[PDB]
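Please find one structure pasted underneath; my questions will follow.
Partial complex: the chains shown occupy the same locations as in the complete assembly.
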Amino acid sequence: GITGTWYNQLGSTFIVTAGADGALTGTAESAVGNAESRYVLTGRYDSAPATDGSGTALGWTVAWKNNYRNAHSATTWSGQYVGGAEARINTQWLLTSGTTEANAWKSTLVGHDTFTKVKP
Amino acid sequence: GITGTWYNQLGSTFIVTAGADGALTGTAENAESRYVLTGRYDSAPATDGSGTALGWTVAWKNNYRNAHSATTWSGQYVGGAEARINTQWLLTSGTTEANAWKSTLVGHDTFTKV
Amino acid sequence: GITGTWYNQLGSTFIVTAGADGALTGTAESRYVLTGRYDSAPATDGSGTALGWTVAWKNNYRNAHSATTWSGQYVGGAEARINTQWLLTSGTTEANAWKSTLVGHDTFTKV
């Protein structure tokens, strides 16, 4: 279900493997910002969701440092997986950059990403 | 300065180990209230007195309990004698499509070594 | 371009009046009053027009002890829309304040 290759509305590709113990591992490649190539993704999911047709809660993080670039920032996505003919993951994200004390009021961006198993 | 025990303003206790290549692993917490954490951090931060960007996730499921939800914390570690982690968090619960609009809470937490 | 009737994704109807001094007044449809501000002198370079508004969910008939604020921008053009993120806060006791605030997003269109 969650395991597979996902794309957000921006071209980004996230390759995610769901483990049997609630672990989420994989790789992100962003189509925007200060990023190049692949970045390590790690997260957790609810490995035994409700019966009742509710979604599957999950979250993951990417720190935007790899061997090519370092953006001194990290993003966390929080959302739910919803099965169906068109499986989708709906998330909200927080992106925090490292700042000095004086600039911390403006260190965090917030947005929403919708992931699909079909590239837009 | 990150590896160790951190406490938030709620009493809760977080034990985190920060690996050499940017992994964060540990637990949030008796057994029944203990949960797994996994995250990532900037292992090569700037020198300019900037904070170290990081983030982590906890799904609220263990062997004993399952709240069908996950929290992510996004934030930065600040050093010194008043070492702190300042974060904002998102908590999402699994919902039906009908109730998705109220699936996510937002808030902030501050973690201290004491 | 902002003044008029707007519809978000779950059919709610917002009637918005943009005043020349930057004020936004109108109603969200039971029916509640809205009030906000917008940039009454945006850039002409394709940038959007920044805005925000608030609805407290109390009227003559019902009270939910909560308020929502929408923060976003207007984008004009053939398919004008207002893209927003929102925060919904409910009155809670001090000990439930951690769970007093929801976050989401809303898109408004003219049809």
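For the reader, a short list of remarks on this structure follows.
A, B and C are the chain letters, set down in written order, and residue numbers restart from 1 in every chain.
One rule holds for everything that comes next: a contact is a pair of C-beta atoms (placed from the backbone, for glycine too) under 8 Å apart; a residue touches a chain by one contact, two chains touch by 3 or more.
Here 3 identical chains are displayed in place, and the whole complex they belong to in this file is assembled from 4 copies in total.
Assume only the chains that are shown with their structure count from here on.
Distance from the subunit A centre to the subunit C centre is 27 Å, each centre being the mean of its Cα atoms. Our note on geometry: subunit B versus subunit C, Cα centroid distance of 31 Å, whole angstroms.
In subunit A, the positions touching at least two other chains are 92.
On the subunit B side of its complex with subunit C, the touching residues are 10, 90, 101-102, 104-107.
Residues of subunit B touching subunit A in their complex: 22-23, 36-46, 48-61, 66, 68-76, 78, 86-97, 100, 103-104, 106.
Subunit C meets subunit A in the complex at residues 85, 103-105.
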